[PDB]
Amino acid sequence: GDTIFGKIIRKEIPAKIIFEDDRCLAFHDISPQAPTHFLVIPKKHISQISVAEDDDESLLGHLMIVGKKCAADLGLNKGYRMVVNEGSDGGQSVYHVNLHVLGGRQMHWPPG
Amino acid sequence: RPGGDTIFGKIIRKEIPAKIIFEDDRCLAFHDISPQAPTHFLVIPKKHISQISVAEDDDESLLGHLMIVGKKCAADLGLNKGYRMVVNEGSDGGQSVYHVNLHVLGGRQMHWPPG
Ligand SMILES: COC(=O)[C@H](C)NP(=O)(O)OC[C@H]1O[C@@H](n2cnc3c(N)ncnc32)[C@H](O)[C@@H]1O
Ligand SMILES: [Cl-]
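So the sequence lines, in the order shown, correspond to chains B and A.
For the first sequence, PDB author numbering assigns the number 15 to the initial residue and increments by one for each residue that follows.
For the second sequence, PDB author numbering assigns the number 12 to the initial residue and increments by one for each residue that follows.
Hints may be right or wrong, so weigh each one.
[To be verified] In silico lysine-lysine, BS3-like type, Cα no more than 25 Å apart, as pairs:
#: 1; chain 1: B; residue 1: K21; chain 2: B; residue 2: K57
#: 2; chain 1: A; residue 1: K92; chain 2: B; residue 2: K58
#: 3; chain 1: B; residue 1: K83; chain 2: A; residue 2: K57
Since the hints were derived computationally from the structure, they do not count as laboratory data.
With the hints as extra help, turn the sequences into a complete structure.
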């Protein structure tokens, strides 16, 4: 099933894009929870981390490397938090794997 | 002493105790001593990387492996309703051990924002 993140990848609806390559896209979250809050998503439609395959390991790690490079480019020199939500208890809001990167304020503990 | 002298390096070398869930040549999963959810464990690389902001491009497969191990351990622990994965970077992340560590939290409803 297609999601709004598919529409963003296909450029059918606008988003504030930070970075793109052949396999992922980073863009500011439309409902930001911190002064900087962006998502890194794969272009491959993996619905949730629980169904990711072993062959996806490099792609998932690529999301994190892109995330940390984007965080540095956006000036998050005091730190940040990365989050992946799975399912109902995880609070996953879109069934397309997405890495949240949040910073620009003190992040608290517990993380929700 | 491979793995560094953070407490996680010592856990890797079996010098201080841990409740281990899974171990392979690349990583180790073990329960957090200060759980923030009914299930709360960490997945760490055996290679010492101090924080995500200094990970190298060639660490991509290793970082992805942490997530794959995290989701497999979550399934093995019966977290069938979901869970949240977290990596904290630096002061604003609240990082307290400077050895890259992926948290997996589940067994309760997680809230938004994630801290
Ligand atoms: C306030 O936020 C933070 O401190 C974040 C979570 N720091 P962070 O560096 O992201 O996570 C480190 C975690 O490592 C756990 N820990 C520390 N010592 C041991 C140990 N000996 N065995 C098992 N777990 C241990 C702490 O309870 C933290 O949850
Ligand atoms: Cl989500």
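Outcome of the hint check:
This hinted pair checks out: B:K21 and B:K57 have alpha carbons roughly 11 Å apart, not beyond 25 Å. Restraint check for A:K92 and B:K58: satisfied, since their Cα atoms lie roughly 24 Å apart, inside the 25 Å limit. For the suggested pair B:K83 and A:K57, the alpha carbons sit about 23 Å apart, so the restraint of at most 25 Å is met.
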